[PDB]
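S.K.: This is what each chain is made of:
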Amino acid sequence: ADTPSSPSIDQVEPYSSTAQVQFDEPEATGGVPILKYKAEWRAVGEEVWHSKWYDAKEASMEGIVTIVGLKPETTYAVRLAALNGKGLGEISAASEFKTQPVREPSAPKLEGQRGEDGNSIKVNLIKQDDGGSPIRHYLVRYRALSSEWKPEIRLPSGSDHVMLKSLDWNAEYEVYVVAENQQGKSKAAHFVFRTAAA
Amino acid sequence: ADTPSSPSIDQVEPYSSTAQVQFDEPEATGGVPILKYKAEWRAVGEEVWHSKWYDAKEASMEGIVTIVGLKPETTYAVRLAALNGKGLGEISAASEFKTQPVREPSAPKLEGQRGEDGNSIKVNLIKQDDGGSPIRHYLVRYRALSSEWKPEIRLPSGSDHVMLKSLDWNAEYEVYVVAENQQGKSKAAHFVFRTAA
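Protein chains in written order, with PDB author numbering: chain A, 497 to 694; chain B, 497 to 693.
No wet-lab data here; the hints were simulated from the structure. We put the beta carbon where it would ideally sit given N, CA and C, even for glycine. The reader is advised that the hints may include incorrect statements.
To be verified - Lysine to any residue pairs mimicking SDA-like chemistry, simulated, CA-CA at most 25 Å apart:
#1 B:646 to B:628
#2 A:548 to B:551
#3 A:683 to A:694
#4 A:532 to B:665
#5 B:646 to B:665
#6 B:532 to A:551
#7 B:567 to B:670
#8 A:605 to B:536
#9 A:548 to B:531
#10 A:594 to B:551
#11 B:594 to A:557
#12 B:605 to B:531
Claimed, not checked - Non-contacting residues of chain A with respect to chain B, defined by C-beta distances greater than 10 Å in every case (computed):
#13 534
#14 542
#15 571
#16 596
#17 620
#18 621
All chains, please: the whole structure from these sequences, using the hints.
M.R.: What follows is the structure in C-alpha cells.
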C-alpha cells in the first residue's frame with residue numbers, strides 16, 4: 497500500500513565510461529514487491545538528471561547495476577529509487593564519483609596451438625584490460641627471424657585467434673600482436689615458434 | 497521458423513571479479529522476438545559452465561552484459577546464446593580472457609563545504625577506483641595544526657561525507673582520509689582549513 501523506502505548505496509566503482517553501483521534493497525518495500533530500480537546520475541554542473549530503469553530481479557541477482565555512456569574524467573552524482581506496484585519510492589542520498597581517464601590498451605596474452613600442418617601455427621588470443629575504451633583492432637606482424645616482415649594483418653576486436661598458414665619448413669618465426677583503441681596502441685606481445693622439418 | 501543464430505562477442509573488458517561483455521545480436525528469425533541472452537563462463541581448466549540470463553531489451557539499451565562472481569587473476573572462457581519463443585539458439589564460440597589482480601584502492605578526492613555553523617565543515621567525498629574490490633572503510637583523521645591527531649573515525653563505504661563539528665573558532669585544521677579494502681589502505685587525501693571567527 498506504500499511506496500518503497502530508499503535503496504542504500506554501498507559501492508560505486510567508477511571506470512572510464514561506465515560505473516558499477518552496488519546497493520542494498522530498501523528496508524521497507526511498501527507492501528508490494530519491488531519491480532524496478534530507477535538510476536539517476538548527473539554530471540557535476542548539469543541541472544537535469546539522466547535516468548534508466550533496471551529490472552529488480554536481475555539487479556538483485558547481480559548485486560549491481562551498471563550505468564553506461566559516461567564521459568571519462570568527469571565528476572558525477574548518482575542516486576537510486578525503488579518502484580513497486582504502488583509507485584516510486586524515496587531516492588537515496590546522492591553518491592559522488594569521478595570517472596577514470598581512457599588509457600591505451602594493455603597487451604593481450606598469447607597462446608600457441610597446432611595448426612592443420614607442420615608449416616602453420618594457430619595463435620589464440622586471451623583478452624586483457626582495454627584501457628577504458630573499446631578495442632578497435634589487433635595488429636599482427638610476423639616474420640622468419642633475420643628476414644623481412646610479411647604484410648601486417650588487421651583483426652577485428654572480436655577475433656579470438658589468428659592463423660599463420662603456408663609458412664616455410666624448418667624455419668623460426670616471431671609474431672607480434674598489438675591491441676589498439678581510439679586512444680592508441682598497446683605494448684606488443686611477442687611469441688616465437690618453429691615449424692616442423694617436413 | 498526456428499531459433500536464432502549465435503550472438504557475436506566484439507569485446508570483453510575484464511576487471512577483478514566482473515567482466516563487461518559487448519556483442520552483436522543475431523537476426524530475429526522465426527517471426528518472433530529475442531527474449532533473453534544466455535551468458536556462459538568457465539574458468540579455463542574446469543568442466544562445469546556457470547550461467548546467467550540477461551533481459552534482451554535491457555541488454556540492447558545497455559550495450560553490454562556484465563558477468564559477476566569471478567575470481568581475480570583467472571583465465572575464463574565466455575560464450576553467448578540468444579533465447580526466443582521457439583527456443584534457445586546456438587552458443588557462440590568461446591572468447592577467452594583474464595581477470596585483473598586486486599589492487600589497493602585509489603585515494604578519494606576531498607571537497608570542502610560549509611557546515612551547520614562557522615566552527616564546523618562538511619567534507620564531501622568524491623569516490624574513485626576501489627582497486628577492483630569493495631571498500632571496507634573510509635579512515636578519517638583530523639586535528640588542529642600543531643597538536644595531536646584526534647581519534648580515528650571509521651566511515652562505512654556508503655558514506656558520502658564527513659562532518660566535523662564543535663571545533664574551536666578561528667582555528668586551523670587538516671583532514672586525512674584513507675580508503676581501504678581487503679587488499680590494503682590507499683595513500684591519504686588531505687584537506688586543510690580554518691574555522692570562522
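S.K.: Beyond 10 Å from every Cβ of chain B: is that where the Cβ of residue 542 of chain A lies?
M.R.: Holds, since 16 Å exceeds 10 Å.
S.K.: Is residue 620 of chain A truly not at the interface, in the sense that its beta carbon sits beyond 10 Å from all beta carbons of chain B?
M.R.: Given a closest Cβ separation of 7 Å, the condition is violated.
S.K.: Do the alpha carbons of residue 646 of chain B and residue 665 of chain B lie within 25 Å of each other, as the hint requires?
M.R.: 17 Å, holds
S.K.: Quick one, are residue 605 of chain A and residue 536 of chain B close enough, alpha carbons at most 25 Å?
M.R.: Holds - the C-alpha atoms of residue 536 of chain B and residue 605 of chain A are around 21 Å apart, at most 25 Å.
S.K.: Is it true that the CA of residue 548 of chain A sits at most 25 Å from the CA of residue 531 of chain B?
M.R.: 19 Å, holds
S.K.: When you check the alpha-carbon spacing of residue 646 of chain B and residue 628 of chain B, does it fall within 25 Å?
M.R.: It is violated: about 31 Å lies between the C-alpha atoms, which goes past 25 Å.
S.K.: Would the non-interface assignment of residue 621 of chain A survive a Cβ cutoff of 10 Å against chain B?
M.R.: 7 Å, violated
S.K.: Please verify that the nearest CB of chain B lies beyond 10 Å from residue 534 of chain A's CB.
M.R.: 13 Å, holds
S.K.: Between residue 594 of chain B and residue 557 of chain A, does the CA-CA distance stay at or below 25 Å?
M.R.: 23 Å, holds
S.K.: Take the C-alpha atoms of residue 594 of chain A and residue 551 of chain B, compute the straight-line distance between them, and say whether it is at most 25 Å.
M.R.: Not OK: residue 594 of chain A and residue 551 of chain B at ~29 Å, beyond 25 Å, violated.
S.K.: Beyond 10 Å from chain B, beta-carbon-wise, is residue 571 of chain A?
M.R.: 6 Å, violated
S.K.: Keeping to a limit of 25 Å between CA atoms, is the pair of residue 532 of chain B and residue 551 of chain A held or broken?
M.R.: Given pair residue 532 of chain B, residue 551 of chain A holds - Cα atoms ~13 Å apart, limit 25 Å.
Comparing the model with each earlier hint shows violations of hints 1, 3, 4, 7, 10, 12, 15, 16, 17 and 18; every other hint is respected.
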